[PDB]
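Shown below, as structure tokens, is a lone chain in the form solved without this ligand; questions about how it binds or moves come after it.
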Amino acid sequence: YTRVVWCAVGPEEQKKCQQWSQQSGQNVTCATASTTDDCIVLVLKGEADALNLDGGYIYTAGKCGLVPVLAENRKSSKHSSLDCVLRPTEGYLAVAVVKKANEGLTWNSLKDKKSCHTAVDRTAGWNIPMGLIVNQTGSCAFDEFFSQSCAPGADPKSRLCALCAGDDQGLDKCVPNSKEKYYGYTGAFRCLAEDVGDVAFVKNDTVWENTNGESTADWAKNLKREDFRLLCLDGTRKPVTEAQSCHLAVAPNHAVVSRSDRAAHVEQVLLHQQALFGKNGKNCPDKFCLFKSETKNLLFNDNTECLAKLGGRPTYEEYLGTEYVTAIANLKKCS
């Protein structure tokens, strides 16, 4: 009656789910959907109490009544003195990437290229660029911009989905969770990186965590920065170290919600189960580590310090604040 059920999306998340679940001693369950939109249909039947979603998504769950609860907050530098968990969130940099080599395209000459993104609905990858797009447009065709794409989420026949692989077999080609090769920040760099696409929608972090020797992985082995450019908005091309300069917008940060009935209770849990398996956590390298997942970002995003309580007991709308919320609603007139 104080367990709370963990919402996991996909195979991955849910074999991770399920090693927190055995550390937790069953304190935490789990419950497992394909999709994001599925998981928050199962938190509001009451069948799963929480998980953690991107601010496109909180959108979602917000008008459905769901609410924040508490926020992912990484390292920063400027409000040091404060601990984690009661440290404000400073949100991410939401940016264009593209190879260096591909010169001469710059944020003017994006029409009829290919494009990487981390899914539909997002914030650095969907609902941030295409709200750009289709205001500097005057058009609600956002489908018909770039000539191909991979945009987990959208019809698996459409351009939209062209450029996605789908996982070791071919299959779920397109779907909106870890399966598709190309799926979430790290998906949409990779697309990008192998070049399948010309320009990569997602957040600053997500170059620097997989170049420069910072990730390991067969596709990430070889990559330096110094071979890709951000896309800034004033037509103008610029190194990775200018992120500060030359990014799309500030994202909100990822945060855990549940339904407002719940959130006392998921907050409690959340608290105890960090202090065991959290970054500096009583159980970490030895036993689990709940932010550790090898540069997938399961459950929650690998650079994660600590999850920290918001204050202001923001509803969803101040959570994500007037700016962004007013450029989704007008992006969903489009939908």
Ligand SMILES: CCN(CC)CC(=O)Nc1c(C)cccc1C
The other form holds:
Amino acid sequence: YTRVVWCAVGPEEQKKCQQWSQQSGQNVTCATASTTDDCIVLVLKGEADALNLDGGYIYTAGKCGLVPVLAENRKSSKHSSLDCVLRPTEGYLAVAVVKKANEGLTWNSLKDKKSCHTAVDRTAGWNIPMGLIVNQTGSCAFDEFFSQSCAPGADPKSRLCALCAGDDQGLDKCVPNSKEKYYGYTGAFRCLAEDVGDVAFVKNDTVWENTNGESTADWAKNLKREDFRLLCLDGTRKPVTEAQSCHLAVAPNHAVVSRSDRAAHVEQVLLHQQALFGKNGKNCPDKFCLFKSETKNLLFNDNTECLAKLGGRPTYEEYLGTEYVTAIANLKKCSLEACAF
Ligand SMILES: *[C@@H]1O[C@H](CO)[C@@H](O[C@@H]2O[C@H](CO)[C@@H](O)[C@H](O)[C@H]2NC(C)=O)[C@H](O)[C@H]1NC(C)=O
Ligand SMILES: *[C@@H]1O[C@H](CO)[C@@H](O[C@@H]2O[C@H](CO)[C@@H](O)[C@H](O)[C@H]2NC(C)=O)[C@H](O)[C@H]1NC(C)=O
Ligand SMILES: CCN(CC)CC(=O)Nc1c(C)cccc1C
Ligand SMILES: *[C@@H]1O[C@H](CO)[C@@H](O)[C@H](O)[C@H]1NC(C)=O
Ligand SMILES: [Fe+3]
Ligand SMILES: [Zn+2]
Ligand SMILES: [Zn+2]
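Structure of the form deposited with this ligand bound, please, following the form solved without this ligand?
Zooming out: every chain and molecule, the one shown earlier first.
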């Protein structure tokens, strides 16, 4: 039974998965795909067993019968007596970030600016802000709100891809995987840091992890938190230290999904895998560390303490929460039930 086939998205996650595979005695093996949607299809076909997904994709996967199995849990200063694997998930803060030097830019003056998104269909980088924007303008032309953007996964010849740069060679412009320079939390923030965009739609944790010497990548190496500002919904700007009172929403954590008939087996293998390669696991950091990838968030986010049990044996709708599930349905009206593949 207990071989789990992970689905990696892109060549970089593939490399990391191959390392995990080798260190696991081939308990985990790897399948690769160019996009998250493709990976979901591989899981539906039964050619892969699982992968960690942002909440927006969990919505896509859930409609096709896939279920949440274990969720990412980061550091917290409450619930601590309880062990990480048993602790409830706090969710993360979706935020809109701008440069302080870019004075006078607020939530009320984003029209015609340049934006940086993690990817299309993702929670913090797309679903939350575009949902909020459609709603406030009473219009579905969200592709004409910003003058130019980098929204991995949109038509590469549309304005929503204009700011994306592709890989080393300019190839793969706008693909929704790490090959694209401005993909994901880190990529979208880089897009803002290099002044390619006016605002980045990421999470709270991204800002802190790539400023004040926390990174060391050459583009982040000199960034300082005082150079950035959060855009609050009230038309006000605040230091990044004010996220708890200046965010767009709380997002449910990224979670591992698998086909329902495979959930229990995937779950067992993963709990044994994090005991070996997790934060203080038998072989981290001496041999391989599952939750570390040099600020690239490959397979899993780098700030992950552990993969936690769910409790309540939640369906995907209960896991995402009815608030966030109606938000996505209304936004997708711009482009009630049925699986896409
Ligand atoms: C937003 O994100 C930062 C980092 O993810 C949080 O600050 C971390 O908080 C932990 C304890 O919760 C501290 O021990 C770490 O030292 C902090 N990290 C760093 C790198 O500074 C912060 O709690 C979050 N703020 C809000 C309002 O959510
Ligand atoms: C966009 O607006 C719609 C319409 O109000 C929001 O959907 C509603 O959300 C509330 C709160 O969850 C429910 O009580 C309503 O029933 C929903 N209405 C409809 C028509 O479905 C949606 O939340 C908004 N999107 C965002 C991102 O805020
Ligand atoms: C960590 C995964 N959670 C998602 C929130 C499973 C859950 O169902 N948790 C939960 C808790 C702990 C308290 C109140 C309400 C909810 C539903
Ligand atoms: C692989 O899984 C098997 C089955 O439980 C376990 O006995 C073995 O020790 C595991 N090895 C590693 C390194 O995970
Ligand atoms: Fe996310
Ligand atoms: Zn809030
Ligand atoms: Zn239930």
